[PDB]
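The complex appears here minus one protein chain, its other protein chains still in place.
We call the chains A, B, C and D, going by the order they appear; numbering starts again at 1 in every chain.
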Amino acid sequence: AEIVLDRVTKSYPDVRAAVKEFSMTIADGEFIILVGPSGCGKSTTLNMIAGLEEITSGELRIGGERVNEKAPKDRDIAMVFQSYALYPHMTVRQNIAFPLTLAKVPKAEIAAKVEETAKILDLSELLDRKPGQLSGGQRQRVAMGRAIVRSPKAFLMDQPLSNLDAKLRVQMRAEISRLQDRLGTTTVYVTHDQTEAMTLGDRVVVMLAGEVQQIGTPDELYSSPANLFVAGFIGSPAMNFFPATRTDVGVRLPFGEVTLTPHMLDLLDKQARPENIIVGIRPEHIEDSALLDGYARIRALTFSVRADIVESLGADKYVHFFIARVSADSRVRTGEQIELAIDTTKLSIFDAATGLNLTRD
Amino acid sequence: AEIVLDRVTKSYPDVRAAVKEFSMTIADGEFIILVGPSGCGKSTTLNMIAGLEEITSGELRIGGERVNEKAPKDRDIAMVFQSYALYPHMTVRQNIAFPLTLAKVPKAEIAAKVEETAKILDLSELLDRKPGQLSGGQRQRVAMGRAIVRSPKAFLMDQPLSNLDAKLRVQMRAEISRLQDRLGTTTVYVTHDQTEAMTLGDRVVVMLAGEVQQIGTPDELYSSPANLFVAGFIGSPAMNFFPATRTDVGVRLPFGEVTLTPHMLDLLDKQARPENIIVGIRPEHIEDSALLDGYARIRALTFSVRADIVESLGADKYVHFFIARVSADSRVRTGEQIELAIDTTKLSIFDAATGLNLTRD
Amino acid sequence: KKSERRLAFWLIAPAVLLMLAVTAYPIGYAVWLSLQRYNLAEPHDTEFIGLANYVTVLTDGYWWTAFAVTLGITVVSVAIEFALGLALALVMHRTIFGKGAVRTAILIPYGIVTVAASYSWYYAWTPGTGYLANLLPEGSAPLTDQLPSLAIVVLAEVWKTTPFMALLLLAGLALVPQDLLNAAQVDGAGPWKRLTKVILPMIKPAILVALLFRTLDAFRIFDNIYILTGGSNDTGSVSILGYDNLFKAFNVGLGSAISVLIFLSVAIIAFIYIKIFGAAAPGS
Amino acid sequence: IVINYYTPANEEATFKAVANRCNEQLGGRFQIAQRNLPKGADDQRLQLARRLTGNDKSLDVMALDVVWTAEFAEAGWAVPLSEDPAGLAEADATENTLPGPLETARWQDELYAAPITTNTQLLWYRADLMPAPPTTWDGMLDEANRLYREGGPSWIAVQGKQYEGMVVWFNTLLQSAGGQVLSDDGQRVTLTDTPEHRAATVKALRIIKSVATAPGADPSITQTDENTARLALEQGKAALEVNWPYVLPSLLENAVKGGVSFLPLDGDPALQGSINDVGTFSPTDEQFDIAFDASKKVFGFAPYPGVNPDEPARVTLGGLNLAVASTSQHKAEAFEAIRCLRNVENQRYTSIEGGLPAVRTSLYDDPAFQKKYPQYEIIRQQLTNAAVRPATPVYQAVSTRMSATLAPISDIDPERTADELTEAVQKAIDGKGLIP
Partner (left out) sequence: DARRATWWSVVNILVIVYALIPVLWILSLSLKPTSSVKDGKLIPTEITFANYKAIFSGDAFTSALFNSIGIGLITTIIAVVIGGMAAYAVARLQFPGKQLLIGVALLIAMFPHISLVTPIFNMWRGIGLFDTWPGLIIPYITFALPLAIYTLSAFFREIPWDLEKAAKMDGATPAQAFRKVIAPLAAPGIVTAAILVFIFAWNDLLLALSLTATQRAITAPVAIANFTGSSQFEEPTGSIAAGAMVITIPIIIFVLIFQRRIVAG
């Protein structure tokens, strides 16, 4: 089934909002990401999806029913919940047998279900200890399979790879995707980390302060941030914003002036004449002017600002000045003077008096 | 002061060496990263570094003084615990004034130094909420608060940034470096985040099974991993590896052959001739053969493989099939056919029977 | 290391030394008095008894019925005080009201002087005067009859016994972070089944140690039954029987034997709650 | 020096009143500290036995209920009165005494405890609820059945509880029926030795069983004492009772503040300010008279009721004797106290205005005394056939063993239960088996 958060909102006494009517839908068998800062409401939303937090206002609908108040058994959905809980005073195996025991299956069927289940998610080689013997990452992967086995109407999953190294994390990410594919089941992972999000979601929702900031595909959000917040949130290192001003040809910058593409000029002229602009640019587009061909010299502004420091990270020289992220192919050194190059095609415009992406489709 | 571990091991009846006789001098005011997988005795090494633990074999000297079993208060150091224990039953200002009060400064001077610390460490504004009223990352940053007011001769710390967004975390790391610079402090951090490791370490110590796999710069370890294991450990995604066979001129590969550069054949002739080799390829060494300049067309091996998976990362495609980190200028997609290109200079080789780096300087 | 073992023993030394002195030598003396044939009216002529002190007691129906009535009272009081105390702990935990009110409500009946409780119930059940007796149909005579009187004294002692073990079980759930219960009713929604089939596993020594103790506390009874009856309706407690032989008749030979076999009669159930059910200490 | 004296709780107020009255005389020689023991007889006996055998040096003097002297003398606890440093306390004893209380003071060989008060059971009835009381157990049942059939205060208030007051009531029946518990030398049971003894006992057992099983009886009669008896009559639930004199000042004093619903007293203008502070009734002569004459038409009294209607009942006695604490570090002054407290200036007070009969014979010859204590005639004539107790060091065990087998009072087999009694007392004479 599809799920639908129609204006769903939460307020609690210190009354104050934890969610200011954030709104969404998840299509049948879709994979979503939610992402946002700590305390931005996601823990609310999953408690609200469970029908266990009080939905203070709005309308959760699923499968043709309004369901804001329905208990988890009535909902027929599960959480791969952040606390990575599976039972002490019990076996590892019995923690994964608990849902199966609620499902009260035939014992041979149960042993087969466990056998596939524990060939999956296999954080111990079916070690089947008392779980307090195992490592926290192993427990996390165990709690993962432990929730995973039931194939409910939907799944929610809570930044689980944070408990793990990145190598095994991406392996578990791929496994997790293959699982959701094989399940074809309505799904959301949740994180604070956009690097996880951009690979995992068919469509990401982003929050700040109990409100949705945008919804779309990962490359929609990357191509077309809805506001200066999500433009600052996306990418790594994050988008450079520099103080800039309008010109009839395009823009004026801290170190020069640039022509704007005709369609962006047309939209900028359908828009107001703002006093201040954040030019949004991904720092990785910036290069040493020594590296350019003639086509790039046509397409790019080049200008000089001191490399006040130069870190280098194998991919880039992280040129501090602010940051300017040239390829490490440029042999520029810490504290040097340099001429930077940037493709004039790539600059996003934000009106710095409002934070709206003036360049956005 | 300089510090000097040599043959230093911790052993427990199980008999089992938790640290297998490690060795390193660390210069006065140097910054170090310890790194390895989890279960690599890191938690052991913390106690041993502090002289809280017992040097079951080997020796530790600092400033030329023997300190093997000399308890932490003997050494004029400070430290932060991975799960960030900090003084309960007192609020923030009281808790961080306390070790400064053991350092027995005048009360006004202690409060002034702590007030500076509240701006400097800046884990929050100065709330003075009760210890449990704050969240875990803030406690961690408050335990860093405890470390900054100590202004010691030396430091040791474990994964604080893991509790935080990586930008605020890397900012905190840079603020920490400015501290270590200003305080000229003999310093180690332990870090599984290879990015934050590489940007902080003057020198990394790499460990597996409680033994030193290498000591060097991040650029050395990136350029020249000591063996096939540590070549898999360094960076993200890890180096690709292929079983490939020596030719009289270089190597015959699963997808072609490359003439090894004469300067490197010389080393391959100072070495034995292994029949089979784990040839290592940097994922970022691999590109779409249509994107190339004339020298790359000339010099590269180029060969065709199905792009079974194409992960999209904005700046790159992680073409998985093995993982080629091609640039995103290639428009190639999941399950398409493509010709991949590789720079011979970005290869490495390890003898398949032993994992020793044949391409090592 | 010998040093830190030695300092641990030095910290124990005063407590264990006097703890031996105040019990072991008294007990050794008590069994020696059970070897003795003695009366306090004629203490000097104390020959040995040929196990006869024990032989009298194990021969005696009054002893056996006094034993049996305490077994009856103890098991049922255990059962009900547990059954109640479990719910009491859960409501004292999960009430939406100001929890200091329920915390106040439960502590006072735990704290009140047991004798005063004994009197209050005794008067409540005195016919005509006692409102609880007075409301019945006439000729019921609640104090006159064994099973009614027994039932009443159980129904009296609960208002002192269960509030303590409900507090014990409250700490017995303070050791459980409530988010674990939340994690249990995630998936396992339906808290009648959920809260039982989690608390059943979850309460390892939280409840166990709260069963054997209350049980021996009950077996230690020497009060409410006594003031309620003097042992009449044949409602004699083994405690009252011990007192009766001693202060009414001064046969220390019998009374010491009774004392020590009562000490055996705790030792067996304590041993059961070591050898059986696991029943290890909470630090195990 | 000061001297600790232990009273019964049920009658301590009187003792502290005279303790004040003698302490003011005694002044700088010594003073007496009144102290106290429980209301229940065996309880005050065992509490004291604990106090004694705990070897306390500070308790100085006691009043034992006499039936507790044989065992004490057998135990060498207290002394034969000849051991007195003064001696002539044994010659304040004798003197004016009645002989029955002195018979109580004398053990095998010596006298051991100076007699100081005595009782024997009076019959009581509401003279306003009936004329002419039945004087008989049979007539008692029949008239109680009258009141029950009339829906009146049908209850009969005999002391039913498993403590020795019940055994005493029983013993008064047994000896009134002409039976006795043992050989006179207390060496072997006699209550069923002969069919005449069986008959005498089993008659009393039928009486006991027919009592309380009568319809309209007090349901909780099975646990009662003298106070609950008195109170139940004052509460108009009973109309008949068999007890002692204190009852009168208890009625009088209660009525003067409340008491009987059927007689105001406290509303009477003559009775205003009659009772002193410390609650005591303390009447003027006329306040006594008016309370008395008002009570006389309400509550009547009589000699104890007969098993044989033609035969005067062998009513059982009780009382107290004083004794020196054998632990006391000083004791000539304890005999000096014993003398001045046995003295008539105390004795007369303790009967007239303490309500408890003093054993000094000449007191009844005062018309002032006689007038304030008219039951004295009934007492005096009850003395001369009074039923004694078996008088042995084993008496507490014997009596309690009896009380235990007696416990199913309404429910005994009158025949078989006599065998049970004989076997129980046989083991009690043997000094064997547990106190139940």
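Operating definition for what follows: a contact is a pair of C-beta atoms (placed from the backbone, for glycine too) under 8 Å apart; a residue touches a chain by one contact, two chains touch by 3 or more.
Chemist: Can you tell me which of C:106, C:189 or C:249 touches the chain that was removed from the display?
Modeler: Residue touching the chain left out of view: C:106.
Chemist: Which listed residue, C:12, C:51, C:55 or C:147, touches the chain dropped from view?
Modeler: Within the whole complex, the residue contacting the unshown chain is C:12.
Chemist: Given the full complex, what residues of chain C touch the hidden partner chain?
Modeler: Within chain C, the residues that touch the unshown chain are 5, 8-9, 11-12, 14-15, 19, 22-23, 26-27, 29-30, 33, 88, 91, 95-97, 100-117, 119-121, 123-124, 128-129, 131, 134-135, 159, 163, 170-171, 209, 213, 216-217, 219-220, 222-223, 238-239, 242-243, 246, 252, 255-256, 259-260, 262-263, 266, 270, 274, 280-284.
Chemist: In the complete complex, the non-displayed chain touches which residues of chain B?
Modeler: So the residues of chain B touching the missing chain come out as 50, 52, 71-74, 77-79, 81, 85-89, 98-99, 102, 146.
Chemist: Which parts of chain D are in contact with the chain that was left out?
Modeler: So the residues of chain D touching the missing chain come out as 9-13, 35, 38-39, 50-51, 54-56, 58, 231, 235, 249-250, 253-254, 257-258, 279.
In the analysis below, only the chains that are shown with their structure count from here on.
Chemist: Please compute the C-alpha centroid of chain B, do the same for chain D, then give the distance between them in whole Å.
Modeler: 100
Chemist: Give me the residues of chain C that touch two or more other chains.
Modeler: Within chain C, no residue touches at least two other chains.
Chemist: Can you name the residues of chain C that touch chain D in the complex?
Modeler: Chain C residues touching chain D: 40-41, 56-57, 60, 62-63, 126-128, 138-141, 143-144, 230-232, 234, 236, 241, 244-245, 247-249, 251, 254.
Chemist: Can you list the residues on chain D that touch chain C in the complex?
Modeler: 42, 46, 49-50, 53, 71, 74-75, 161-163, 219-220, 222-223, 393, 396-397, 400, 407, 432-436
Chemist: What residues on chain A touch chain C, complex-wise?
Modeler: Residues of chain A touching chain C: 50, 52, 71-74, 78-79, 81, 83, 85, 87, 89-90, 98-99, 102, 147, 150.
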